[PDB]
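Kindly produce the complete structure, drawing on both the sequences and the hints.
Number of protein chains: 2
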Amino acid sequence: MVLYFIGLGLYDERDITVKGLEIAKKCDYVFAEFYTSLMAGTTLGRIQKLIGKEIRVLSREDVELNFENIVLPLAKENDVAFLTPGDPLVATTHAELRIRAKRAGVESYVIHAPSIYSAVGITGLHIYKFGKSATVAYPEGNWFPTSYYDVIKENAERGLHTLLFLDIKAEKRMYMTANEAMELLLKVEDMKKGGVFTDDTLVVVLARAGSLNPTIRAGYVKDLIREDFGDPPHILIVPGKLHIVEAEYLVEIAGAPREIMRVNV
Amino acid sequence: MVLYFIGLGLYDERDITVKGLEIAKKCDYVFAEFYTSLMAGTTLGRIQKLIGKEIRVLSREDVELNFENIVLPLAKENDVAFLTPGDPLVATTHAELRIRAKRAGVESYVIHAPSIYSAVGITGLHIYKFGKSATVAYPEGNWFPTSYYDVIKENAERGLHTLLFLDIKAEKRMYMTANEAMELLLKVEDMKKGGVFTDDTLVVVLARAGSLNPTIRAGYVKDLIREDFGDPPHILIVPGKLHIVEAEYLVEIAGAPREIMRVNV
Ligand SMILES: Nc1ncnc2c1ncn2[C@@H]1O[C@H](CSCC[C@H](N)C(=O)O)[C@@H](O)[C@H]1O
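Residue numbers (the entry's author numbering), protein chains in the order written: chain B, 1 to 265; chain A, 1 to 265.
By construction, these hints were calculated from the structure, which means they are not laboratory data.
It cannot be assumed that every hint is accurate.
No distinction is drawn between identical chains; accordingly, a pair holds when it is met within one copy or between any pair of copies.
To be verified - Here are the simulated DSS-like pairs of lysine-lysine, each with C-alpha atoms no more than 25 Å apart in a straight line: (1) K129 x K169; (2) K241 x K129; (3) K241 x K153; (4) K25 x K153; (5) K49 x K26; (6) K25 x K49; (7) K172 x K49; (8) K153 x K129; (9) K222 x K187; (10) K153 x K49; (11) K192 x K153; (12) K193 x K76; (13) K222 x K193; (14) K172 x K76; (15) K76 x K53; (16) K102 x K153.
What follows is the structure, given as structure tokens:
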């Protein structure tokens, strides 16, 4: 009679919380989705071994189209867990699943875990200064989405930082790199010419948040556009005007050039 | 000879990640601070029992003035951990402590935990739509803080959600409620006359996120201002323009007035 939405956290199988792990272990059935994002530092097998339960993976169609036929039925007579990378309900589509549960007569609870949305605190940038967030999507065919460029522009002119989630083709396990993201933004800039993203723009790259050894690098696009930030996943941030304390952390911890202390503060 | 910043999470001792617990258990010395937030579902004793180590609790003065004299000296010959509620680098000034660690020649690592900043996803409001954040601070003497009001205005004008962290006085044992926050905002409104926060404003309250049964309520200020949301900590949110799916969730899960679903596009 209970469905548990449990977050797996940022990177590997140990990023789930003690609460989530223990609840997952006592569940009769465990489902999981790996389409909103992936857990790059581990494998389904390693997660299954930690939880000590078989994990049935569900595709985007399984959930969006058949959540009430695959998950809820069992939840009606058993304790069921639904695992998701990161923190449940950060991904926009998760929320409505709780409504489906309610209508099915199923009780649901949320077990939180770290999300990249909050983990960016490790960049040294103040969390309150982050504005609207956006996702950089790979252009396809004649489709060239550019709304993320506008998000940066609007946040930046208000002195706010912009968190850019990078595209991920979940099925193919293909991650957009921060390099690809910078190349795309420079291309959008050349088209809109809004003076929003250029070779002189300061950016921050966070790779493998959650890992003990994430890559945290800050610098100008001209210098970072071809730098190796390591294995995925990558997150790109275009900060707004910096507080001196943010700048000092970027220089000391993220290898930023001293120049940011006079150009971006 | 390392220093670990480890988050304990939102509500109880089980909100720590397995990774954080594993590492904490093996450290030689374990320190912690409990003034940046409130974990309403546990106690020092339960946390100590979980990690199997004595926890040296530090005050704001101990940390801000003497972190390098109390914690770092030990980190040079031992594995040391510094615990904090939620995520150690969200809505705190602890990031600067990593610079202090560097200066002392001490390598530091960060272990994330569930944060209220991302936990707000449980309100059903799309995370990417949250704009700049702010803190509603208790007025003191003849000083009456009002910066948070201007944040709401700026975000609302862009159709963005505003997360309002509520003040805390750990040593005084004072935890600002959503009610008190609303009372304060109404007073700022009467003063600035911006039409930003009134009795007809729709707001959302999230209390004790992390618990299995947090209090999630949405409605107009006039109806919620004197409602009992339970024990602290509390967080207040002033939504921007709602998507229909957000409204649906607030109505079905947070008990908001069914009328909000009739959005005015
Ligand atoms: N479980 C919880 N429920 C509701 N609000 C919470 C909360 N935990 C923290 N807050 C809110 O955030 C304030 C502390 S700000 C420090 C936040 C912490 N680093 C984190 O990552 O969560 C509190 O005064 C309260 O307004």
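How the hints compare with the structure:
1. In this assembly of identical chains, the alpha carbons of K129 and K169 lie at most 25 Å apart only when taken from different copies (23 Å versus 29 Å within one copy).
2. Both within a single protomer and between protomers do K241 and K129 lie at most 25 Å apart by alpha-carbon distance, with minima of 9 Å and 20 Å respectively.
3. Taking the shortest Cα distances, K241 and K153 sit within 25 Å of each other both inside one copy (12 Å) and across copies (20 Å).
4. When the C-alpha separation of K25 and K153 is checked against a cutoff of 25 Å, the pair qualifies neither within a copy, at 46 Å, nor between copies, at 45 Å.
5. In this assembly of identical chains, the alpha carbons of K49 and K26 lie at most 25 Å apart whether taken from the same copy (14 Å) or from different copies (22 Å).
6. With identical chains, the CA atoms of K25 and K49 are at most 25 Å apart both within one copy (10 Å) and between copies (21 Å).
7. Proximity of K172 to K49 under the C-alpha cut-off of 25 Å is restricted to the intra-copy arrangement: shortest distance 24 Å within a copy versus 44 Å between copies.
8. Taking CA atoms no more than 25 Å apart as the test, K153 paired with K129 passes in both settings, with 15 Å inside one copy and 15 Å between copies.
9. In the homo-oligomer, the alpha carbons of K222 and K187 lie at most 25 Å apart inside one protomer (14 Å), although the nearest pairing across protomers, at 49 Å, exceeds that limit.
10. With identical chains, the CA atoms of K153 and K49 are never at most 25 Å apart, being 45 Å at best within one copy and 49 Å at best between copies.
11. For the homomeric pair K192 and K153, the shortest alpha-carbon distance inside one copy (11 Å) is at most 25 Å, but the shortest distance between copies (28 Å) is not.
12. Taking CA atoms no more than 25 Å apart as the test, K193 paired with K76 passes in neither setting, with 55 Å inside one copy and 51 Å between copies.
13. Within a single copy, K222 and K193 get their C-alpha atoms as close as 17 Å, which meets the 25 Å cut-off; across copies the closest is 46 Å, which misses it.
14. When the C-alpha separation of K172 and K76 is checked against a cutoff of 25 Å, the pair qualifies neither within a copy, at 34 Å, nor between copies, at 45 Å.
15. In this assembly of identical chains, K76 and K53 lie within 25 Å of each other by CA distance solely inside one copy; the values are 19 Å within and 41 Å between copies.
16. In this assembly of identical chains, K102 and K153 lie within 25 Å of each other by CA distance neither inside one copy nor across copies; the values are 39 Å within and 34 Å between.
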